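One structure is given below, encoded as structure tokens.
A protein chain is absent from this complex, but the other protein chains hold their places.
Per-chain numbering from 1; labels A, B and C assigned in written order.
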Amino acid sequence: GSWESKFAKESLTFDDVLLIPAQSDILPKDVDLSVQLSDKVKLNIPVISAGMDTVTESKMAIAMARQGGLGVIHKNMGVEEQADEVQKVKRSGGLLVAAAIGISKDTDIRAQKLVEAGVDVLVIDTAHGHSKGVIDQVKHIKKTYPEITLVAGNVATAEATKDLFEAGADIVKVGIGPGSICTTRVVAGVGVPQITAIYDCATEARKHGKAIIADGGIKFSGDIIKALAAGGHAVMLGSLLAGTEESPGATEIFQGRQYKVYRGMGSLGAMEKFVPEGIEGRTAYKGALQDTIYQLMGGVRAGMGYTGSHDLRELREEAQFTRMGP
Amino acid sequence: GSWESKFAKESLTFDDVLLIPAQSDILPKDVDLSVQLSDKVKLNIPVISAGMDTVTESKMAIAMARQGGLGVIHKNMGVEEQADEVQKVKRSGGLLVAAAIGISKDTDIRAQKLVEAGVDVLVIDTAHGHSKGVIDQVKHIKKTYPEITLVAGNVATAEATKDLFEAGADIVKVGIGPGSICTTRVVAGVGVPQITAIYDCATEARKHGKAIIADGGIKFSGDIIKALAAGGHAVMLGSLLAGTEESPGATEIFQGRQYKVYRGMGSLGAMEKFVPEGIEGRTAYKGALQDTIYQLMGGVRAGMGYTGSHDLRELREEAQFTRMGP
Amino acid sequence: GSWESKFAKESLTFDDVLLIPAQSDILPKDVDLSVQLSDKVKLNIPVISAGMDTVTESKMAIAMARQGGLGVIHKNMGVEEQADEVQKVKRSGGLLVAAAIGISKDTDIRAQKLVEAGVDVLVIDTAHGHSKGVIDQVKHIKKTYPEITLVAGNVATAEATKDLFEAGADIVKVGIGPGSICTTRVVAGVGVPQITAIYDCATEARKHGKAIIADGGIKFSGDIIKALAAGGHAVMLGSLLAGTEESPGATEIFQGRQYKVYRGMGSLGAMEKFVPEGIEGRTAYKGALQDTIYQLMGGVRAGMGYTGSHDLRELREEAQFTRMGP
Partner (left out) sequence: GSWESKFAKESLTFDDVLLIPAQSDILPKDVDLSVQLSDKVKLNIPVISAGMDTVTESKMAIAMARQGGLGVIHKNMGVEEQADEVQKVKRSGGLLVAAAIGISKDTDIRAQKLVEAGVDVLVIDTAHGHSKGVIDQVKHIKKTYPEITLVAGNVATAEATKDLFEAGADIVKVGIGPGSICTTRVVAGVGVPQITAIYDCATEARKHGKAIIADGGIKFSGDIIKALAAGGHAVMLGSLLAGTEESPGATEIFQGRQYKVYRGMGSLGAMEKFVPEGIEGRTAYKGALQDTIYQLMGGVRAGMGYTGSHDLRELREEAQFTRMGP
């Protein structure tokens, strides 16, 4: 019964687990960081910059794509402005570009202009992916544009992952409540500790032979490899990339120290009705994206050498974790 | 044996659990927040202001009732003064009003005057509801006034909930030691982590077809929905409402910042013999109650949309939680 | 095998548990706080002041005994001086008095002089009670003085409790590493979380029909009732009593605030070779012992009313706990 099972489930977060070292014949410099997200999308590094207004526009998307990654242009701008940002990326050496779409009335014209601008991947980006409004949008976007790779989310269960893959999504984005700037857990009382969310969703994805994006809660390079080893094909970063020069924000000074503004897409300012589910704050200026990425991938490479993971397929399928206390 | 089972039980609090997101066809704006506490009592929002001297008098009770909620007038005043506070609420558009009663000698005349003043619900409010003094009072008040909805508490077990429902209570109030200002755990060594207390008591309540009030420990809107999803029909708030203008306290200033006094009904000052089980302190001035309630219900609505809970019956009966570590 | 079972055991401390409230017909004022520690020793309150140099001498022992408790005169003084301290207590209205004895050469003459001074209970007080030196001393002291109540400790297992009771002890004192000023856990890597230590030792004591003293780690009145409900007949306090006027220390002033010195009997200063296992520090001046005791017993009474424990026998045998997280 539903009553009896209320408190049955146990979930894990990044800080609850560590990768166990294993037999390795491969050096960190020699590991393969590439991942196939779909038939058309192949990334050299498993990192995607977040579809947020304090994180990704053309400057971030170009820089990300030049590192072998990908950037999701945020939808908190006009249809034309978004298509123009997509154009800048494509005109920068035919770089892979992703763009965010919602469920609202404006989606129909937005998706056409983005596809027209030469977008590679469309991202149905919502707070609650396990909904009718989102399922219908997935069916619609996939019927209208079958050549464009479709990402749909956010979800945190196997049932939600099943339903999105069945509706027509190519990639499912996982994460409900783990984000650094997220207040959903405290406001709505809802969330799935991210390691369990990734694992439960990837368990389902493995059946469909499809990819998942581990979105939110990544604090360091160690969280990146843990997110991939739990089942994620690629990770999505907000906090770790917001402080870089390439993020759309303006560099500010406060008591000598250089800072950049980072906020939730559900914060008061970003929403400009729904009660806020995100915060707005300050994050230290990081410098060039390229240097942030190099440090992050260095740590991921170190971990793949420790686990004897020659590639990401060997990490996702074979790497073992140990649970531990605080 | 009693000896062998000493440490058998495991209990959970709000911070130990989160609601798992589920299939949803309903938007937060569209969810139904109403709850039937008894045949005569129907609330538009599942919130009740606490029967405390730094929380509820006529000003709080009117404001609460105008939001679709309910206020429990505290019993730390004279019989006539209490009846007059009840009168003010009833004379304010026939608003639903609740009033607190004890077990002491003065209860007999107090209950008559409150009923005379047009009270809708009587609350036998004690520290230890699983007692002979309380069982007898429930039988007495229900025989004398069968038309008035009777709330009895506080309890934290199924056995206590059974005994109150059998004695004649319509609603059982759950909470032993979780209150923000409570020191019972540290003083008396007694308590039941509130999520388990609600669930164990609601498991019993479901058999009798009766309602339970989740009383104490609520820090944010996320704790409200967790308390309801664990089995509570409505929640009781102290701390979250004490800082509002409508609370009986006087607005004070200390080093520029505006504060309001909030104290336990078992603190030294409130008791004015029993050793203190509550603290007296300062809480930031919140402003209008109406705005505090709107933010709180906004978060509860967000959570009901995440879980696909069209109403509170679907939340209490079907919503699933995950346990997690610190 | 010993190898396979290395990490089998799980242990609990005070902060891991709470008493579950139960059916109660008794009020806190009406509960019985008396306990029979032996055929000759009957205490009105289950509290014993610690056999420490910053805690108990004649002034503490008299004050303790006048509250219905007991004081253990420390052995960090001359034989004659100790006997004189015992005399002062006996000459103060025939008050019950306890005195500490070791295992060293001086024990033989010390025990005779203390018995001569009219001591009621002798305490073989050691860091490691589960030893040959201690077993032999128990046999010796019990053969030589069969009319004097013998306490032996400290221990933290059933096997140790069995061996002391079999050697001739009347009461076994439980506690290895829980003391507020103790550093044994960090220095020696040894300890048994105190709730489990009490329960495991009391499980053994129940077979012999004998009493146990829950010694160390008590921070508040809630820890007192938890220690008794876990199986302890009486508790021993260091930290909670050291700040009182009756403790042998001198009242000092530091930056306006009044303090008293409290130290481990295994600290550098107290030892005046063994590496230190205790710390020396400052504790706030508490005032009169009588007031400290009244507050503490008030909390214990509150808890006995919550659990429906009319007496300590009903607490120790029937009271149930719940485990919980941080």
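Worth a mention:
Here is the rule we use: a contact is a pair of C-beta atoms (placed from the backbone, for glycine too) under 8 Å apart; a residue touches a chain by one contact, two chains touch by 3 or more.
Only one of the listed residues, A:34, A:104 or A:320, touches the absent chain: A:320. Here one chain is not drawn; of A:96, A:123 or A:230, the residue touching it is A:230. Only one of A:34, A:104 or A:295 touches the chain withheld from this view, namely A:295. The set of chain A residues touching the chain not shown comprises 12, 17-25, 28, 195, 199, 203, 206, 220-226, 229-230, 295, 298-299, 301-303, 305-308, 317-326.
By the touch rule set out above, chain C reaches the unshown chain at residues 2-3, 5-13, 16, 128, 130-132, 155-157, 159-160, 163, 176-177, 184-193, 196, 274-275, 277, 325-326.
Assume only the chains that are shown with their structure count from here on.
We define each chain's centre as the mean of its Cα atoms; on that basis chain A and chain C are separated by 58 Å. Between chain B and chain C the centroid-to-centroid distance comes to 41 Å (mean Cα coordinates, whole Å).
Multi-chain contact residues, meaning those touching two or more other chains, occur in chain C at positions 326.
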